[PDB]
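Enquirer: Below, each chain spelled out in residue letters.
Protein chains: 2
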Amino acid sequence: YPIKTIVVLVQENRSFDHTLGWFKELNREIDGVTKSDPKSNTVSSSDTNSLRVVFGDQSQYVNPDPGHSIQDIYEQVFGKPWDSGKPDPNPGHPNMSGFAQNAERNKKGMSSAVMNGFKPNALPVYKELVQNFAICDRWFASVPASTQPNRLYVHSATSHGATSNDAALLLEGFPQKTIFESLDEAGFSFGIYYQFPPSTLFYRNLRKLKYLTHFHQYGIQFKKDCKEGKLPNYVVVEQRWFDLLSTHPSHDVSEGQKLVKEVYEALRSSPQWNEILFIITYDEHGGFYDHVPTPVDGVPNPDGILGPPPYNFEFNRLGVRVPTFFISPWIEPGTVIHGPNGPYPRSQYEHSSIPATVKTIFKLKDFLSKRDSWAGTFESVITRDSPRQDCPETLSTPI
Amino acid sequence: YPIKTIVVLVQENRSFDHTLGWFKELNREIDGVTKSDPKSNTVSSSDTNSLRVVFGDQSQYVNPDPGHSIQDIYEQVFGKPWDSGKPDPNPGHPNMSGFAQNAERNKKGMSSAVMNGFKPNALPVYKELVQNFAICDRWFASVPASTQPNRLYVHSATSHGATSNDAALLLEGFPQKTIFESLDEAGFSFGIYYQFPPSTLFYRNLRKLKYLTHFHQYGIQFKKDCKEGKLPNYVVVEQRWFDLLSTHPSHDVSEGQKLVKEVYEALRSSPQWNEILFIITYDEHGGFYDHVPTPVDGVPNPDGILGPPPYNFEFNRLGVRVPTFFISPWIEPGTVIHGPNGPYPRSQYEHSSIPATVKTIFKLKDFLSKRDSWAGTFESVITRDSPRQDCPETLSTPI
Numbered sequence: 012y013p014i015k016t017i018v019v020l021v022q023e024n025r026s027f028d029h030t031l032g033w034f035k036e037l038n039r040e041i042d043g044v045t046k047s048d049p050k051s052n053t054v055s056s057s058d059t060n061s062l063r064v065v066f067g068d069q070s071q072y073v074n075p076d077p078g079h080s081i082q083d084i085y086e087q088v089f090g091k092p093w094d095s096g097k098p099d100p101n102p103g104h105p106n107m108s109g110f111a112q113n114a115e116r117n118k119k120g121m122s123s124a125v126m127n128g129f130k131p132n133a134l135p136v137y138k139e140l141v142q143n144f145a146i147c148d149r150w151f152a153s154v155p156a157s158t159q160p161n162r163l164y165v166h167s168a169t170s171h172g173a174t175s176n177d178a179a180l181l182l183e184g185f186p187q188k189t190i191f192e193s194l195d196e197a198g199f200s201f202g203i204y205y206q207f208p209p210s211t212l213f214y215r216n217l218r219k220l221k222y223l224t225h226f227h228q229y230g231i232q233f234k235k236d237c238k239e240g241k242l243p244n245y246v247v248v249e250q251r252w253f254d255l256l257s258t264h265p266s267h268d269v270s271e272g273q274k275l276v277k278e279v280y281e282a283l284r285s286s287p288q289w290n291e292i293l294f295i296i297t298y299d300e301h302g303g304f305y306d307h308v309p310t311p312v313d314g315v316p317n318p319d320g321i322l323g324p325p326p327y328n329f330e331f332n333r334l335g336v337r338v339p340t341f342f343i344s345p346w347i348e349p350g351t352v353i354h355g356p357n358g359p360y361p362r363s364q365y366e367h368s369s370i371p372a373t374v375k376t377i378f379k380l381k382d383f384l385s386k387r388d389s390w391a392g393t394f395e396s397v398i399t400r401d402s403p404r405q406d407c408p409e410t411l412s413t414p415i
Numbered sequence: 012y013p014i015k016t017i018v019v020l021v022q023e024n025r026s027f028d029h030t031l032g033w034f035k036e037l038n039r040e041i042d043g044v045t046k047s048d049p050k051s052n053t054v055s056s057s058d059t060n061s062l063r064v065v066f067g068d069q070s071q072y073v074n075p076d077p078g079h080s081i082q083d084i085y086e087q088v089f090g091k092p093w094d095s096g097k098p099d100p101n102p103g104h105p106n107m108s109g110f111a112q113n114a115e116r117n118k119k120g121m122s123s124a125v126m127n128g129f130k131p132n133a134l135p136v137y138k139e140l141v142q143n144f145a146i147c148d149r150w151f152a153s154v155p156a157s158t159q160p161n162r163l164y165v166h167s168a169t170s171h172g173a174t175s176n177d178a179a180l181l182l183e184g185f186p187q188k189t190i191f192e193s194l195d196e197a198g199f200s201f202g203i204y205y206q207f208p209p210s211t212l213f214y215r216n217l218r219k220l221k222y223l224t225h226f227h228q229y230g231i232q233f234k235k236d237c238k239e240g241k242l243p244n245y246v247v248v249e250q251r252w253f254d255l256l257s258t264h265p266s267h268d269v270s271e272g273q274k275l276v277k278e279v280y281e282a283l284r285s286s287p288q289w290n291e292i293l294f295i296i297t298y299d300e301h302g303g304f305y306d307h308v309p310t311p312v313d314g315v316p317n318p319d320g321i322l323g324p325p326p327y328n329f330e331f332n333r334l335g336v337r338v339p340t341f342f343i344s345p346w347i348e349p350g351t352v353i354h355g356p357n358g359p360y361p362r363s364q365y366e367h368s369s370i371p372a373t374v375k376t377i378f379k380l381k382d383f384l385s386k387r388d389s390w391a392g393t394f395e396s397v398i399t400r401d402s403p404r405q406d407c408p409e410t411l412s413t414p415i
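Residue numbers (full-length UniProt numbering), protein chains in the order written: chain A, 12 to 258, 264 to 415; chain B, 12 to 258, 264 to 415.
Careful, some of the hints might be misleading.
Chain copies aren't distinguished; within one or between two, either way the pair holds.
[To be verified] Pairs of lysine to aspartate or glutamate, DMTMM-like flavour, derived with a Cα cap of 25 Å:
(1) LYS130 - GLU196
(2) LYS234 - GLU291
(3) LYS130 - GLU192
(4) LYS188 - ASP48
(5) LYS235 - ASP76
(6) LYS188 - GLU40
(7) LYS241 - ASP94
(8) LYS386 - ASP94
(9) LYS234 - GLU278
(10) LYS130 - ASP401
(11) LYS238 - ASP99
(12) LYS235 - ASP268
(13) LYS274 - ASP313
(14) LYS274 - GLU395
(15) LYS238 - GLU36
(16) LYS130 - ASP177
By construction, these hints were calculated from the structure, which means they are not laboratory data.
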């Protein structure tokens with residue numbers, strides 16, 4: 012089994028249908044969207060009783076940040092708002108009908124951004140990566156909540172009860188065991204390449220003296236370690252600082273495309289390219305539309321810890337589908353992975369799939385929680401007998 | 012008393028003589044340096060004989076970062092290194108003779124940068140601020156240690172035992188009472204205007220919900236509140252993110273001049289200009305040379321907490337002199353404040369002077385610590401009967 016280096020890049024706040032849904036005309040196998048059988052959500056307002064908003068392919072490069080709190084996402088997936096005076100934590104029916112309404116509730120006119128996705132040619136970096144490697148069109152954010160609970164799952168398969176971006180809790184640090192500790196204890200290496208203060212600092216255990224040395228400034232160390240073949244066994248690329256103090265500004269998809277291109281090309285020209293498995297995913301969907309109902313059946317709480325009031329979240333429902341890419345010369349081009357042949361009938365691909373698959377590939381002894389123990393593993397995406405030799409050396413520049 | 016808004020900007024890593032020492036030619040009253048009676052430090056090395064390095068005015072805009080740990084500063088001020096096998100915490104004799112030796116010890120050739128200051132004309136923003144307002148030439152960093160223990164003093168008059176930049180300790184947060192809490196309890200407002208993640212988040216008490224709302228993005232909110240005269244009673248401008256993971265890279269003094277210019281002009285064109293007292297100081301001296309012996313007599317420990325081993329620091333010695341500016345239309349131009357007039361015979365101006373003076377100007381009930389209660393207060397710098405009306409509207413662009 013050729014994979015010795017696993018590289019993880021977690022992007023920000025985009026749904027599958029918004030990012031890749033229109034890539035379906037390039038490959039019908041992609042569970043995306045079409046113009047002929049279009050998806051839609053309705054909007055109610057004081058001025059109008061009902062307006063149908065069709066999911067289109069007119070996403071602009073610059074967009075506001077839609078709502079992605081646990082309470083926003085409740086309205087998006089169930090089509091009705093949370094009501095603390097009439098609490099309905101498990102209403103049963105994720106029909107994905109509330110994205111446009113939740114957008115409008117948060118900011119008038121924002122349903123246009125929420126109800127649009129990108130044309131493939133507007134994201135050439137992604138179009139090339141989809142066509143030359145693999146994606147998963149059934150990969151759900153771990154939590155129907157915001158950025159940090161999901162990021163906590165990426166490297167620990169739990170959020171240790173968190174469903175918000177609680178500045179005090181994040182700074183105090185979350186104490187659960189991380190995949191870094193599993194790897195280290197088994198003698199494997201790991202490195203976190205950061206630009207700004209990384210969200211991985213929110214793991215309290217990584218603040219031990221012996222683990223703080225595994226953080227490396229990205230600009231200094233990343234391209235260098237790629238060039239001389241010195242990448243550790245588990246590489247995390249951390250790019251943005253999370254504004255802990257941000258108690264719906266616009267921003268550009270282009271920066272993320274540039275980062276993906278740079279990271280890919282550095283891995284692609286590395287002597288370790290033939291041992292590398294590169295995963296790109298999104299922390300959560302950002303409030304953008306997606307048509308696939310979030311799983312509500314057979315989803316385990318990772319550690320028995322409930323979320324804070326008023327939601328008292330049971331972690332018995334997944335988040336919304338996000339774009340996930342698998343990139344390796346050992347992968348056939350244009351491959352699309354759906355649900356797992358996961359260990360259980362109701363297993364799903366989600367962020368805990370990353371620690372699960374790391375545990376599987378490196379034969380670590382134990383899973384971290386009940387979530388990585390249950391999540392699908394994607395090591396079977398590595399299918400070739402020999403590494404492909406003509407993988408693109410460079411990708412197109414973002415528009 | 013005309014002062015209703017106090018604004019604080021803390022710059023990084025520069026000594027008084029390095030920044031303002033050559034202004035003595037412009038104002039003989041300044042305790043600076045001359046060419047005819049020059050300061051010097053000696054260097055001992057293996058290959059070469061003892062070499063005198065004279066303090067010159069040849070500072071370049073780009074310099075390395077000299078040593079400014081508690082152990083480096085011990086050698087700088089006492090002229091001998093710390094010795095854990097022969098510990099000498101209170102050697103008696105701050106002769107300021109070790110800056111060049113300590114520089115060479117950290118990086119060969121670095122004594123040249125450490126033993127140089129700026130020509131006044133090389134820093135036009137500062138030269139204009141000095142000539143149009145006030146400086147203090149006897150203001151000491153609170154701690155002969157690194158960045159964060161000193162920044163803790165600026166808004167709390169203690170470091171709660173800290174003598175290093177301990178990432179785990181900083182993220183856990185320091186729990187001492189802050190001047191923000193003194194102000195809030197007395198009905199006054201405060202605002203922290205930050206660009207990147209602010210060091211004030213290291214105060215644990217500011218992570219409460221009711222205080223997190225007082226943080227404002229600088230780019231969004233600062234110039235705005237300056238225009239509409241909506242500045243709170245205590246303004247902190249936070250500009251740089253401290254890399255907690257940095258376990264001697266070069267950087268440019270020009271960025272700090274640009275920031276100072278931007279902040280000054282925004283306060284100067286504000287309707288609140290006639291009620292504003294703006295203080296600029298430096299967290300500590302960065303390891304650059306200064307000739308004034310650090311006070312070792314009558315310096316109180318703020319709260320009885322000792323520093324960590326091996327130094328077990330008693331907080332009975334001040335840090336090195338830093339540049340400090342007082343800026344307000346109620347200030348006589350070209351004013352230089354020396355040591356304080358009380359509250360005690362051995363009182364000194366230092367970072368705790370900021371909380372002390374805030375307590376004095378706003379008649380807050382209690383000081384925060386024994387340092388606060390002992391430090392000099394500079395309210396007497398406000399001397400005019402009417403606000404000056406021809407304060408510079410704009411400043412020179414940095415070279």
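Enquirer: None of the hints should be skipped; say for each whether it holds.
Expert: Going down the list of hints, with the structure as the test:
Proximity of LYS130 to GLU196 under the C-alpha cut-off of 25 Å is found in neither arrangement, the shortest distances being 45 Å within a copy and 55 Å between copies. Taking the shortest Cα distances, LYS234 and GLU291 sit within 25 Å of each other inside one copy (17 Å), while across copies they are farther apart (51 Å). For a Cα distance limit of 25 Å, the shortest separation of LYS130 from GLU192 qualifies neither inside one copy, at 41 Å, nor across copies, at 52 Å. For the homomeric pair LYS188 and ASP48, neither the shortest alpha-carbon distance inside one copy (45 Å) nor that between copies (61 Å) is at most 25 Å.
For the homomeric pair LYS235 and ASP76, the shortest alpha-carbon distance between copies (22 Å) is at most 25 Å, but the shortest distance inside one copy (34 Å) is not. For the identical chains of this complex, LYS188 and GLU40 are neighbours neither inside a copy (37 Å) nor across copies (60 Å), given an alpha-carbon limit of 25 Å. In this assembly of identical chains, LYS241 and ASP94 lie within 25 Å of each other by CA distance neither inside one copy nor across copies; the values are 53 Å within and 36 Å between. For the identical chains of this complex, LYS386 and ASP94 are neighbours neither inside a copy (29 Å) nor across copies (51 Å), given an alpha-carbon limit of 25 Å.
In this homomeric assembly, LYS234 and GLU278 come within 25 Å of each other (Cα to Cα) only inside a single copy, at 9 Å, whereas the closest approach across copies is 35 Å. For the homomeric pair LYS130 and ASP401, neither the shortest alpha-carbon distance inside one copy (34 Å) nor that between copies (67 Å) is at most 25 Å. Proximity of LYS238 and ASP99 under a CA criterion of 25 Å is satisfied in neither setting, with 54 Å inside one chain copy and 47 Å between copies. For the identical chains of this complex, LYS235 and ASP268 are inter-copy neighbours only, at 24 Å across copies versus 28 Å inside a copy, given an alpha-carbon limit of 25 Å.
Taking the shortest Cα distances, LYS274 and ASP313 never come within 25 Å of each other, neither inside one copy (38 Å) nor across copies (57 Å). Taking CA atoms no more than 25 Å apart as the test, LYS274 paired with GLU395 passes in neither setting, with 27 Å inside one copy and 52 Å between copies. With identical chains, the CA atoms of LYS238 and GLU36 are never at most 25 Å apart, being 37 Å at best within one copy and 52 Å at best between copies. For a Cα distance limit of 25 Å, the shortest separation of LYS130 from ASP177 qualifies neither inside one copy, at 36 Å, nor across copies, at 48 Å.
Checked against the numbered hints given earlier, this structure breaks hints 1, 3, 4, 6, 7, 8, 10, 11, 13, 14, 15, 16; the rest are met.
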